[PDB]
Each structure stands twice: as structure tokens, then as C-alpha cells.
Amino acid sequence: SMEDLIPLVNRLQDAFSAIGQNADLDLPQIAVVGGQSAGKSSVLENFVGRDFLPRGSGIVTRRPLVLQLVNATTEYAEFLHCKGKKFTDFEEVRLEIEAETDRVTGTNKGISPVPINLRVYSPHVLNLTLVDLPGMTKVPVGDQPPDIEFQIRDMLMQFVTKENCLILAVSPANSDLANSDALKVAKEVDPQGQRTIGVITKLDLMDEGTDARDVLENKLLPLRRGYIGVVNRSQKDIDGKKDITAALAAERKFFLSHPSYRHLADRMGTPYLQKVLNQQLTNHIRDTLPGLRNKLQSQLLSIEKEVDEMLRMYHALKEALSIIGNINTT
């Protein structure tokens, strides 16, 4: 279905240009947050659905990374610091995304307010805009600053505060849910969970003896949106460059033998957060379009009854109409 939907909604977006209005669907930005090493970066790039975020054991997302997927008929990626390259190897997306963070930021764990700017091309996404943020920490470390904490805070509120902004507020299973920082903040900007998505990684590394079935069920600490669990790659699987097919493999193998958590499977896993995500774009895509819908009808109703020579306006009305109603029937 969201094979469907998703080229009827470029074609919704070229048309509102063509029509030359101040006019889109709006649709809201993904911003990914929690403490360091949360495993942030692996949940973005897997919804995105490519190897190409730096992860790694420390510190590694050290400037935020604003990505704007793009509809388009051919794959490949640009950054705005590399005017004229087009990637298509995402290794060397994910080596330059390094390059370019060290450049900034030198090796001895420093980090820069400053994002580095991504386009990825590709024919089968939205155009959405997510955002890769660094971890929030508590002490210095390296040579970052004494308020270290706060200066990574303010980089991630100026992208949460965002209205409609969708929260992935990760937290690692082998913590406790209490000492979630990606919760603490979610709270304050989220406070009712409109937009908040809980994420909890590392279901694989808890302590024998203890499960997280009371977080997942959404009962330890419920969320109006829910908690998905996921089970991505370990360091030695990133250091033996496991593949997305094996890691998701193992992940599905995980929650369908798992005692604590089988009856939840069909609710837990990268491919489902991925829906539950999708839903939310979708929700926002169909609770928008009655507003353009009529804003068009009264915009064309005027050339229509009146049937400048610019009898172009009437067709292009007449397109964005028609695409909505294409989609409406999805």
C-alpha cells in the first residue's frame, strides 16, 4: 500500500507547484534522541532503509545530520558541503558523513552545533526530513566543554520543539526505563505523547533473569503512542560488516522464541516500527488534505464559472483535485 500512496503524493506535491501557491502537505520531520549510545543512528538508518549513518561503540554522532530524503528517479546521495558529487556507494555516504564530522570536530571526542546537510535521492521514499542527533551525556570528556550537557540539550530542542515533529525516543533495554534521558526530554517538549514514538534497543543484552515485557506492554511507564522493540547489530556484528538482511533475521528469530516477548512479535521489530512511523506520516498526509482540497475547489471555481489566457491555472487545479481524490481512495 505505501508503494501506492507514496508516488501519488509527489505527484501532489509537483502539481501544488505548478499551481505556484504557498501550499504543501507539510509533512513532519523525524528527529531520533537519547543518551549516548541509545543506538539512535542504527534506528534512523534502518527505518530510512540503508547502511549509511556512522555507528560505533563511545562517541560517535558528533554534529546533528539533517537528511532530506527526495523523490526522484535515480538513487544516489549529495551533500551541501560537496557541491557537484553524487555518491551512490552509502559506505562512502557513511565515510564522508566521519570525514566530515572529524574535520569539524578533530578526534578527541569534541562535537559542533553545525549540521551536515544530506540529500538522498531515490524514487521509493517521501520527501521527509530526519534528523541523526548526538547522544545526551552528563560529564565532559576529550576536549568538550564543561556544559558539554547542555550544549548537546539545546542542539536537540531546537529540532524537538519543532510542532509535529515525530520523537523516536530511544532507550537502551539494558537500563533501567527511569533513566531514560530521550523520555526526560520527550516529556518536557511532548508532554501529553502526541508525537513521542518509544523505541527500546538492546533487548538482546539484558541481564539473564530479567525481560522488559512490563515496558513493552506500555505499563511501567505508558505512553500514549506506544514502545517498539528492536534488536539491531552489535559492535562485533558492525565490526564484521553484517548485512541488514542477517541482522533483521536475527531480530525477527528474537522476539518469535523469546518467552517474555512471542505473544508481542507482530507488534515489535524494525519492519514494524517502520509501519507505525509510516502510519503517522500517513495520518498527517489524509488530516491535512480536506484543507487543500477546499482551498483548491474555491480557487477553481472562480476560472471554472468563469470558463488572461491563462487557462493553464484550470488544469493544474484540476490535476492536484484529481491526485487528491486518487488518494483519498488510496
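Positions refer to the first chain, counted from 1. Here the rigid core means the biggest group of C-alpha atoms that line up within 1.5 Å when the two forms are laid on top of each other. What changes on going to the form deposited in another entry:
- Lining up the core between these two forms shows that one residue from 142, 146, 222, 106 moves its Cα 2 Å or more, and that residue is 106.
- Relative to the superposed core, residue 245 undergoes a Cα shift smaller than 2 Å between these two forms.
- Shown in the overlay between these two forms, fitted on the rigid core, is a CA shift at residue 90 of 2 Å or greater.
- Put the two forms on the same core and the Cα of residue 263 is off by less than 2 Å between these two forms.
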Contents of the next structure:
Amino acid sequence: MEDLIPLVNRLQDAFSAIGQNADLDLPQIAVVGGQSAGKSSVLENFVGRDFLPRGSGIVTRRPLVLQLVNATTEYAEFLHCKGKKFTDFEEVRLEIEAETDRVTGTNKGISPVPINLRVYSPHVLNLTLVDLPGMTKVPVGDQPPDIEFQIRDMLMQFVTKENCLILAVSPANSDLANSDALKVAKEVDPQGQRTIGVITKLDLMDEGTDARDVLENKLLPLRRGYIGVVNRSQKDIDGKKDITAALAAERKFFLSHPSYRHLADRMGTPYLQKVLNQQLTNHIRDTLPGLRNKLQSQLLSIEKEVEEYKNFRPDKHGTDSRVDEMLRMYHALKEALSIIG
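Here we have the form deposited in one PDB entry; I need the corresponding form deposited in another entry.
Next up is only this chain, free of partner chains and other molecules.
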């Protein structure tokens, strides 16, 4: 898939250029759950550049479709800043925050229009993650009275797609039965074919309690199971603790907890990355046919259009962006197919 990401990118771009942005339905992974369950924190571990805004209260307010591509040098590009190469990750964070404010148009409200960000790095896996605002029940500040439903609708646009894997995130310090994540995952993926349970904040459970029943997949079983994680507290985020230290603490936590130690090797952030990648690879594998057919269809249709061409014969000027983009689309589709088996 890493081999055709280059093409699909040229594809989406040519489509966006003519204002049509195609429904490629490329495999991606979206985090769903209640507000501040720790979703952005789970996704931050796949990048480690601190640009994903985290925090209690409402922070994520727009979907962030983050494409990670393994490359030799590190840089980022936003689809809305075409032509710009970001090398400063602090600037990447500021842009996410400024863009969030610009489109939401409010202090605490949301907007379902996604922020599209691509990050090239020699430290990342090849995949697309979608960070999403957490579900709520009552509005605060300038949020609309139907905020709970706007947020749910926003998530539904992603999770109702067959190609979107679901990271159902639930915090350990709330009974699982209260999980907004599991409720939505069951509704859209009754069979659990694409739901992976993630249990965060295990370090915050009330003394004398534990999530053993949940972690052993017995309370609310999921085919893909549940993986517990322990991410940075607000103190540690403000304190600048890095991922290496947080990962060491998480390992120690699981190795030392009397209720989880027998499960340690299938717990933790590194394990989640391993499993997620495997599930994604598998999904891509069994869903490839559908993608190739989509491409074959778009190609045939485009060929019909292109067949009746002879665009600009005169000198230099006489610009025609539409034709140029149809040609970029045409060529991208063919290269995509030659790679797509």
C-alpha cells in the first residue's frame, strides 16, 4: 500500500483541484470516545512530535486526517497550505490550533470540515489516523444546544465507512458500561470486524478497583480484544516528559500491577501499534479488490472524456486547469492500477 500512497495522493489532489474531492475510501483509523477519554494522546504516540493538541476540557474540535508516510527526511504539509513545506513542528501545532479556530468560528464549538495533514518522517509507520472530538452530553460556553448530536454526526461520517477502522477509546476510571465509544462501535460495526478496544487512564483507577474483566475481554467481548495503555498525565505533559519515559512507566505499570501482570505482554502502547498495523494490513489486503474496481471505473469514465480532446493548439497562454487536472487524474489512475495488482 505504501507503494500506491504516492498515486492516491496525486489522485485526491487532482480531484480537489477541480472541486470534486473523490471518495477513495482509503483504509484509515479513527478514534472514537467520550470527551477527554485520551484519544489524541493515543494518536500522538504514532508521531511523537507534540503537535497534537491534548488536554482536559474540549480541545480537539475538528477531525484531523493525519497521513503518516515513512520517508528519509522529516516534514509536514497541510492540504490548505498547498506549496508549503513545514519543518518546524511547533509551527505545525500552531497551525492546527489556528485552523481549528478559523473554521469552527467559535470558542468551544466544533466543525466537521477536516484538517488534512501529511507527515513524512523516518520514524513513522505508513498509515492514516483520524483524530476526532470526543462525545458529550451537555453544552458549555458558546456551544450550540445540540452539541452532543453535532459531535456524534461528525464521528459518524467517518465510522460508517467500511474502510475506517475504529479505535474505541474508553477511560478506565469510568465503568465500561458508560462507554460512548463502545455504544457507537456496536451501532456501526455490530460484528466487531473493525473495532479495537483501547482502555486508557489505567493509572487513574480508584484504589481497590481494576479493569481485569475488561482487559481479559470478558465484560464486553470484542473480536479484536482490548489493549490497555497508560499515557502522560497533564502534569507530565506540562512537565515535558517524553514518550520514551512515558513508555518505560507504562511497561512498569503493567509488569507490577497484581491484576494485569499475567497480561502484560499483550498490553501497552507498543503492543497497540503492532496490533493496529496488523489489523490495518489485513483490512487493506481483503479490501484491495474494492479499491481496484473503484479506480478501474473512474479510469474508464475519464478515458471517455480524454478520448474527445485536442485542448490547446495555440501558443503558450490559453490556460486550461481543468484539462490539466483531468490529465493528472488520468495518468495517476493508470499508474495506480499498474501497482494495484
